[PDB]
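Quick heads-up: it's one chain on its own, the form solved without the named molecule, in structure tokens.
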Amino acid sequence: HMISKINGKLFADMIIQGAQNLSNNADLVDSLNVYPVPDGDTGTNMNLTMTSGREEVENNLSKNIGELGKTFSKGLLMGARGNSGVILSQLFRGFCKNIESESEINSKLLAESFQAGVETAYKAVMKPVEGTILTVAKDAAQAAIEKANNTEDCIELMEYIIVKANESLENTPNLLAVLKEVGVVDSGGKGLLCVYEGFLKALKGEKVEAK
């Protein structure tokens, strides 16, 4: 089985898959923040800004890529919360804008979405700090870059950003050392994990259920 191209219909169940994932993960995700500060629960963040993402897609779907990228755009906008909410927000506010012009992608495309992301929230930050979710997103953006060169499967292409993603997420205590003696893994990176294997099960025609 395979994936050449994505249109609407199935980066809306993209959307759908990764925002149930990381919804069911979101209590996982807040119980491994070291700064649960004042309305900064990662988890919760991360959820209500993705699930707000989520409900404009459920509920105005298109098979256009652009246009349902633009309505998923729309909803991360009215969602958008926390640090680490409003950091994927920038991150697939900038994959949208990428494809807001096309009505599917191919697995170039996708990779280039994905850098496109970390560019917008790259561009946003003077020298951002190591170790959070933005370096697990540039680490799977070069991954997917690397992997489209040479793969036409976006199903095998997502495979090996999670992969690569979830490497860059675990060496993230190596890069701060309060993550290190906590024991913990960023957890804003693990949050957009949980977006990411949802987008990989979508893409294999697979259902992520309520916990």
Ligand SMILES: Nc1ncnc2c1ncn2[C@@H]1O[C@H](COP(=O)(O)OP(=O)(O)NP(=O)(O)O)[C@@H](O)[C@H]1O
Second form
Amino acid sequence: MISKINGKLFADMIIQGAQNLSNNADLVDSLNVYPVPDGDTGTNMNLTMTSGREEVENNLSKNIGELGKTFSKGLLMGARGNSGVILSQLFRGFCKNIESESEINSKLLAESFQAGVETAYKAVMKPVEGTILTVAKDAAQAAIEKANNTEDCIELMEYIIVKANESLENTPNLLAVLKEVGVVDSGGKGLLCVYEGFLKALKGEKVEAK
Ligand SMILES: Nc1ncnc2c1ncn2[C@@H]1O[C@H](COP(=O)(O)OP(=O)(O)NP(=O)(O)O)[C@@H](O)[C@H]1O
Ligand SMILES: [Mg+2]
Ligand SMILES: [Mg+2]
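Having seen the form solved without the named molecule, the form solved in complex with the named molecule:
What follows is the whole complex; the chain from before opens it.
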């Protein structure tokens, strides 16, 4: 089990999350119908996440707060598209919440997801439901509920992914174009890919590069 996440474990989460998103970028692109069906959400999120990953790999730290500053900076100066901007804002708020910590427990992990949701909603002038914002929000609410009785960050992250997937599968019930075309939200799918990589890293595993 994982009771605390130090800066290197967070770096691994970032690296494996980035790799899993990269592997799925074409799939996420194939779903992009909203706002414009320009087929680029996966590429946009991948480029954004890659900018964060590259900064992290070049500047590792045992201290999670310092590593988060590095990740946040990389995302924010490489954010591409509506989805990449939102992704960068989710993680800006997440990392700000832990800036002074050396390691975090499951409760602070959950609180940091929630802080990211708040930052991202405030950054978008006209939020629309059925989107990456909804999936992030539902994931963070699940994280808070579960972490209150779950010390193990692996078990917590597994639950977050279950609930984030339920939210993603519900996106067509909130956003008409998704139901009419027959897809889930592309931004939300990209976020799930990052979270799945987070889980691999928490388990000490590696995402195979495609
Ligand atoms: N107003 C919004 N509120 C919430 N999420 C949004 C909003 N606008 C876009 N998104 C998210 O961004 C995803 C699309 O991202 P992306 O394909 O990178 O946009 P884009 O191609 O840069 N912009 P556009 O050409 O105007 O569609 C959607 O699937 C949603 O998850
Ligand atoms: Mg575009
Ligand atoms: Mg697009």
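Positions refer to the first chain, counted from 1. Between two forms, the rigid core is the largest collection of C-alphas that superpose within 1.5 Å.
Remark: with the core as the superposition reference, the CA shift of residue 129 between these two forms stays below 2 Å.
In a rigid-core overlay of the protein, residue 37 has its C-alpha displaced by at least 2 Å between these two forms.
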